Each structure stands twice: as C-alpha cells, then as structure tokens.
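A single protein chain has been omitted from the complex, and every remaining protein chain is retained in its original position.
Every chain is named by a letter (A and B) in the order it is written, and numbering of its residues begins at 1.
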Amino acid sequence: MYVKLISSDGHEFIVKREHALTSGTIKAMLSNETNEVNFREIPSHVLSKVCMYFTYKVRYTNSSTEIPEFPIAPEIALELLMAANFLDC
Amino acid sequence: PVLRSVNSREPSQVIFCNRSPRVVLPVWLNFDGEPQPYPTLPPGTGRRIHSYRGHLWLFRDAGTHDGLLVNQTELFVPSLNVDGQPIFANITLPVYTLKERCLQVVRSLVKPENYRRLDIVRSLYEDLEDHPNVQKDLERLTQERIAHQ
Partner (left out) sequence: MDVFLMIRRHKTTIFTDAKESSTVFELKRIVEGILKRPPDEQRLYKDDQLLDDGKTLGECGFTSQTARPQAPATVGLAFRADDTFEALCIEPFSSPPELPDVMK
C-alpha cells in the first residue's frame, strides 16, 4: 500500500497509495516499475511539498479538529502552483 | 435571490468563534439576499453577538475573501437558544486544494497588473485573476438549494 514518486533530481519519495491517489494524474499514471512514477519536470523541493500536502489533505479532510494553514514559502509558490495544476490536487 | 435572511424578529444569541489563522469577515445576507460586512475577528478570538432565527451568515478571509467554513459547512443559520445557551458558530479553514492554496500565496505576493508577467501557461493567468467573491459563491449555493428542493 506504499508507492514511489521520483523527482527530476532522482529523490525517491515513498508515500501511502491512498495519499498519492489524492492526485487524479498520479491515479491515471499508476494504471515506471510497478508502484513507481517518475516526474521528469518536478524537482525534490516541489515534490517533497506535494507529498506533505497529501499527508495534510488525508489527515484534515472531514475532520472536526481545528485545521492549520498549509504553509508555502514564496520561493517555491510558482513551481508548486504549476505542479498542483499538472497533478490536479 | 432565494438565499436571504428570514425576517423572524426572533432574537438568537451566537458566539462567533474564529478557529482559523485568518482575520475573519462575517457576512450577513440581508432580506434582499445582499451581503453585508460586519466587524472583523482576529485569529483565535470569539465574540457573543445578537442575531435572529432564520438569518443567514457566511464567513470569508477579511483581506482576500477566501472561503471559510462555519460548523464544517458554507452557511450558518441561528436557531432558538435552549436553556439560555448561546449557539456556537465555529469558523474554520476548509482543506483548500493545493492548486487553490498556491493561487492564494501567488495572489498575496504579486499585484494583479503583474499576473501576466509570470512565466506560466495562459490558463493559470485566468485562474489567478478569478479571485474568490461572495456573489459567485451565493449563486452556486442558490443552485445547490434548488437541486436539493
């Protein structure tokens, strides 16, 4: 139930399948090796933040707990936007 | 406008509880369903306010007009106070899509006139320019209400 998302700079991110499936693009891509997706255009400083968003989304969706902000540093905002648009999440 | 406050004249005491990191703008939908701004609530603050049964509220970020939830939904309607207990209106962040959260941060960093200067696909220019606004959200909620009705 764990899948591998690999960045352009060859960083390997191992996340729960249910988490990665937050992205309709990653769902379609799971349909590299089995349970591996290569992102030729997403570097590690962006994909690490996408994986953090997955964790955040699954934890706080339909939670009655107080929801904290998802923080985005200005220097990654534009790249994370382009990633978010591509991944549809 | 089907989304309007009912002119009940039935007093209802409410606690507006800001459980978000945002400065909250309370918005009252008047008897013509037109949105009226009320005094802002800083993050982690609460206020006891005087409202009425069948009155309609939504809550937005005071600066950006980003959508917020109240008791985990879009709209808040004060009911009859039981046993002199106020109705709690717990205002929270929704779980924004990563795209919407990215659009929020980019808007906060770049002046609208400079959106077109960003090295991004045209479709994302239009997405940046499509600022959250109460009027558009009220229409979707008006269709969601008729859909259930």
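Assume a residue touches a chain if its C-beta (ideal position, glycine included) is under 8 Å from a C-beta of that chain, and two chains touch if they have at least 3 such contacts.
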So which of A:21, A:29, A:30 or A:76 would be touching the chain we can't see? A:76
Identify the residues of chain A touching the omitted chain, counting contacts across the whole complex. 2, 7-16, 19, 43-45, 48, 51-56, 59-60, 68-71, 73-79
Touching the unshown chain, chain B contributes residues 109-111, 114, 117-119
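Everything below uses one rule, namely that only the chains that are shown with their structure count from here on.
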Once bound in the complex, which stretches of chain B touch chain A? 19-21, 72, 92-99, 101-103, 105-106, 109, 118-121, 123-124, 127
Under the stated contact criterion, what part of chain A meets chain B in this complex? 50, 53, 56-57, 60-61, 64, 66-70, 72, 74, 77-78, 80-85, 87-89
